[PDB]
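*Asks:* One-letter residues, chain by chain:
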Amino acid sequence: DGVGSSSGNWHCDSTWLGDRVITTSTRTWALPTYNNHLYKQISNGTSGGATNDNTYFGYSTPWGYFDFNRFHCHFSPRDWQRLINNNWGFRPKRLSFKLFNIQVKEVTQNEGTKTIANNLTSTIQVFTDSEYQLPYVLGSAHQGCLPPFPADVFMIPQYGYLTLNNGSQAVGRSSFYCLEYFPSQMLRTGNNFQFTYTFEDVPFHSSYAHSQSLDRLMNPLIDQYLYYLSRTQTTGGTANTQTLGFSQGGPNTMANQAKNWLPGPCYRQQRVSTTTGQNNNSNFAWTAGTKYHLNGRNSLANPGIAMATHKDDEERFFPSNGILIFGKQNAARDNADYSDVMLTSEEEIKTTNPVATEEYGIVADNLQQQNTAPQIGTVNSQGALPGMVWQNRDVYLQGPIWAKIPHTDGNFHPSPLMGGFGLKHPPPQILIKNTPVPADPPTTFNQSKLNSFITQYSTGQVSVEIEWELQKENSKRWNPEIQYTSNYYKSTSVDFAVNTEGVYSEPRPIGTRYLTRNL
Amino acid sequence: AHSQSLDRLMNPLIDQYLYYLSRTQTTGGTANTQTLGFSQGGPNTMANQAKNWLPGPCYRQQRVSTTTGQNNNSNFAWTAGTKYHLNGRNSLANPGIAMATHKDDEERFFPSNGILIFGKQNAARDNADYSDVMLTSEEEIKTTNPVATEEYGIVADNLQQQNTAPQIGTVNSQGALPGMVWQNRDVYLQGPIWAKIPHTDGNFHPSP
Amino acid sequence: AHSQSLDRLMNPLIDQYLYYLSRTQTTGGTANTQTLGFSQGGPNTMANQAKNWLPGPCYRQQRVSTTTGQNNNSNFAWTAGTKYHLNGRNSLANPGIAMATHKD
Amino acid sequence: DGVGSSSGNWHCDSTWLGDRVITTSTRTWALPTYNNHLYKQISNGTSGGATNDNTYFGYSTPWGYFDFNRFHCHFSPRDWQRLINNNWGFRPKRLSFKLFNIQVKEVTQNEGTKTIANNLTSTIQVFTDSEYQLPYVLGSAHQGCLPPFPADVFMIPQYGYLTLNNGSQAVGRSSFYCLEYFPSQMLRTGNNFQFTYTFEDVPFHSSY
Amino acid sequence: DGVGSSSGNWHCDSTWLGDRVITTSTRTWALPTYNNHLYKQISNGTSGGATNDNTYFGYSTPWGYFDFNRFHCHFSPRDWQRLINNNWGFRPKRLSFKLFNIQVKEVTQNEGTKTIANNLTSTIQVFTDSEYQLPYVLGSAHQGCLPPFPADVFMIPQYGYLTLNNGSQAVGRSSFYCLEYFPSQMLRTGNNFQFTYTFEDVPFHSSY
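Residue numbers (the authors' numbering), protein chains in the order written: chain P, 220 to 738; chain U, 428 to 635; chain F, 428 to 531; chain L, 220 to 427; chain H, 220 to 427.
Among the clues, some could well be false.
To be verified - BS3-like mimics (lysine-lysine), calculated; alpha carbons at most 25 Å apart, straight line:
| no. | chain 1 | residue 1 | chain 2 | residue 2 |
| --- | --- | --- | --- | --- |
| 1 | P | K317 | P | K643 |
| 2 | P | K324 | H | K333 |
| 3 | P | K312 | P | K333 |
| 4 | L | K324 | H | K324 |
| 5 | P | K643 | L | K324 |
| 6 | L | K333 | H | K333 |
| 7 | L | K259 | P | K324 |
| 8 | P | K643 | P | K312 |
| 9 | P | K530 | P | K259 |
| 10 | H | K259 | P | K324 |
| 11 | L | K312 | P | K668 |
| 12 | P | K695 | U | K530 |
| 13 | P | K709 | P | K312 |
| 14 | P | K668 | F | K530 |
| 15 | P | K333 | L | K324 |
| 16 | P | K547 | P | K709 |
| 17 | L | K324 | P | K324 |
| 18 | P | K691 | U | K623 |
| 19 | H | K333 | P | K333 |
| 20 | P | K547 | H | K324 |
| 21 | P | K709 | H | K259 |
| 22 | P | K333 | H | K324 |
| 23 | P | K333 | L | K333 |
| 24 | P | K668 | P | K324 |
| 25 | L | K317 | P | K312 |
Hints in this document: simulated from the structure, not taken from any laboratory.
Based on the provided sequences and hints, a complete structural model is requested.
*Replies:* In structure tokens form, the structure reads like this:
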């Protein structure tokens, strides 16, 4: 474990083995000293501009954390292509994490001339929250994951957390955590860190689309033996009176046929169009937004339960807060243009799932009588009903992978809404920090905590290995399937590649669901 | 068939130790003002008693009668039909989730698309008579399951205040709620036996 | 008791990479027309942030106060009661599914 | 024992086991050079303001000392809560002490521009007064213990002692101690120090 | 594998053995950081001066490469003389490659005064494209091979490649490669790299 010997090698590869694929990626990182070595209380209240919906109480910390919860941390674009085009499903089995080649540096600033040198005897600290005792902040779709492009160098994100609040104030149950109250490894240059984790059994993600729909599973050529009420009134001439008539469902009355199953749950959302002209002229984004209400605070149900983005022939429409949206490269943080963002679509599930912007269905409102005409009600939110079947949201190359399932007495179908695999025991948080190095202390004792420190940062490499288990296709379909393909014709630059300026970009979102399977 | 019903699992002879709000206003004379009064559930107030369970799910259907005279004079079979909407297409939810066909003493009523119907021999394919078909009934489940043609229940609509009287809402479709218990639809000698459960990520209680 | 709430499991210091529709109409002056604007969820817009989970089930009940003066003057205990209907009989859903008694 | 390898890891935890609790804490420290490398005689007399009640004779030394004689050096607030709420008594049984990850630095001052660099070949010296031959200065409630908050960084206190005095003057029995007349470990970066101690039987404190 | 110990020795020799000759050469090299750490798309089109015959689409990379594909990398002039004057044919059988004595340096520029120092904890990365997955750029007669004269010191060439183009534009089949998507060895000063390769059967060159 020398100053002069490397502690790691660079592993970035993929290997495919029948029913497994293993991915490895290595990236270079930089870690600053965060927060001036301090833990600070932060809050947001209702004074000034701030709304109640946005209040919080929390702490910010001197630590940083490692995040690889984005598919493109692990899969190259071509690899993602091999996966989606060929497999019905996949899931994660196990991972390996390595930190190595660690360099701690001190920066000296005199007279506007700045210099950087190694501090050989310096350490950094790392630990994993193996027991899940710290608030789990992965899974909230934050920035700071390993870059898609291997050549890119990245900065480690600062760690902070939230607890209960009333306005800008803490409450009795509010909790404070010190990360220094955990055991951590200390590494000098020449030391390394590693750990291994095994994923819990989780269902394969469905990289497939149904080639059948719930409302059409019958034999087109045959009648049912079952009957339905087809006529309530006589049909001939003007003297029409009530009657009862019954008919057998058949090829031309598939809508009426008796069926075994129901479409999935519905929490309806407002429809907006990409053709702006077709939209109402108000700013209705949050006012007409679909929301949930918790303890007096309102949150967008974004993106909410999975529903199809649009019905047949209406690519223009999307749910206002019902899809995942990714930025194009260098898209602005605020108020980016439609041309600067990429909207996902979940067409593939119209097959079993309600369209996002429409009713679930219709129910009776009242009791009909000779003097009372029957009335119906439109159902815009439907909870789980026996016989319902549904599909989860898709995952994307630039999307999230896993989430920690919250620790609660109950849940229904705990698949993370943003997409991915939901785990009771997800990959643990990995926290890293530069150890403080004091500048020279005073020569006579003072009890106050030291506030003068040498200025330091560290850089190193990090490796992640994941084994994924694959589910192969078993289709008897005669004709060819849809596949993700690169564009045939000439172009100014190559998709999923660099610029003349050296900027990698991902042009489109890529989903998982090209192959088909029956219902 | 159950010989007990969800709303009557108590001991008829004993009071609960639990209390419920029984009075919101004073009772004597004309100068009546708000108050709070609390009482213990008992033999004569079984409706008020605290209970552990809830009836099963409800997707309400229109009621029709075998006595034609009692029915509205329109052809309302599909217009007033209970339906689901999938990708722009509408289908009868026939017969839908299991609910009891009728309540006590009302054999005449059935849900318009909520029961299985079999033909008598040589009944016509189209527009057969009532006398030519046989309607099933699922009386046996009124015990735990909502009647097909009625509301699940009532919920509050608003927030009452000194100046605002309280308002209630009628619930005609109810999804699964914790504490719900229910019974499946019956099977018949001339009925189906099995179905393939569709291959999907999720399902709730995949009984055909 | 939980020391965290469902609506606040994020990192207070970091933005989401996900975007949401933040603007439906232009903001400047009087000639305001429709547009589409998108923003990233963040520390000051926690209400808007994309989230994984939903709160538990709800069967709503009427609110009454211990300060009698603040209550409507009717006897509304069973008339405004939350109920279930079984075979033509009505029962209080007492106490019903678990919901919090009151807010902050 | 390299320049480039850490000699310790950060342990800060509590574990509760029935009738034992074990606490671990780690803190970062800084030690200045005290006294310019000198031992100095100090006294306080009766001249000027000074009263007789406050007289002393003593020495100050180039050394520093480690103090963890404050409960919150070891117990987090929540831990203290588990202890007091649940137990009739407690007492200390044994301890482990470690010094590690040592960096010695030299500071260079020219022209108002100051720079700090490592001095790799430098040493520090540590020893324990296992035989109780030096005046025991813990136990007098001084400042300079490890901080309650683990994230805080602290400065080591200077060591000094007192002996017999008459006014500002020494007497026959007054004693002078040199700490360099004890054996001590010398550590460069990459070296570490540790020791183990067992508490004598002592009565449980009454948390009741 | 120390900071202070050499990891290699200088071997430059020839030995002749009847039907074999073995050559060894060692050279000193320097590697700059290329491209500012970036991969950049490059093209040449038909605008301006440029003819169609000279169009290309490609990328340039942060990497450098080692080239010894020139006979005088291995044979001294006198050695070449012994070979040509005396033999009807020759061919290559196997090779050994070593990288050693690696020094990584950082350069600091302030106020027009520049200084160079070692960065001890720094690494370089090396790999061989053993599976031929990158575009093979040797064999195109480029500059940057090891010098003929052993005393000369040389600069490592930058690596870049080309793919399909239409004019200055990419086409569907155009490919992008990232070299960081390969496993590589990381070496600090005091680490070394080596590999061995065997030539496939190939016909003797005719020196006649």
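*Asks:* Look at each hint and say if it fits the structure.
*Replies:* Checked hints:
no.	hint	result
1	P/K317 to P/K643	holds (23 Å)
2	P/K324 to H/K333	holds (20 Å)
3	P/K312 to P/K333	violated (47 Å)
4	L/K324 to H/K324	holds (23 Å)
5	P/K643 to L/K324	violated (47 Å)
6	L/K333 to H/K333	holds (21 Å)
7	L/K259 to P/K324	violated (39 Å)
8	P/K643 to P/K312	holds (14 Å)
9	P/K530 to P/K259	violated (49 Å)
10	H/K259 to P/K324	violated (29 Å)
11	L/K312 to P/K668	violated (30 Å)
12	P/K695 to U/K530	violated (50 Å)
13	P/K709 to P/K312	violated (40 Å)
14	P/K668 to F/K530	violated (41 Å)
15	P/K333 to L/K324	holds (20 Å)
16	P/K547 to P/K709	holds (21 Å)
17	L/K324 to P/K324	holds (15 Å)
18	P/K691 to U/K623	holds (22 Å)
19	H/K333 to P/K333	holds (13 Å)
20	P/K547 to H/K324	violated (38 Å)
21	P/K709 to H/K259	holds (19 Å)
22	P/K333 to H/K324	holds (17 Å)
23	P/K333 to L/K333	holds (13 Å)
24	P/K668 to P/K324	holds (24 Å)
25	L/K317 to P/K312	violated (40 Å)
Hint check: violations occur at hints 3, 5, 7, 9, 10, 11, 12, 13, 14, 20, 25; the rest are consistent with the structure.
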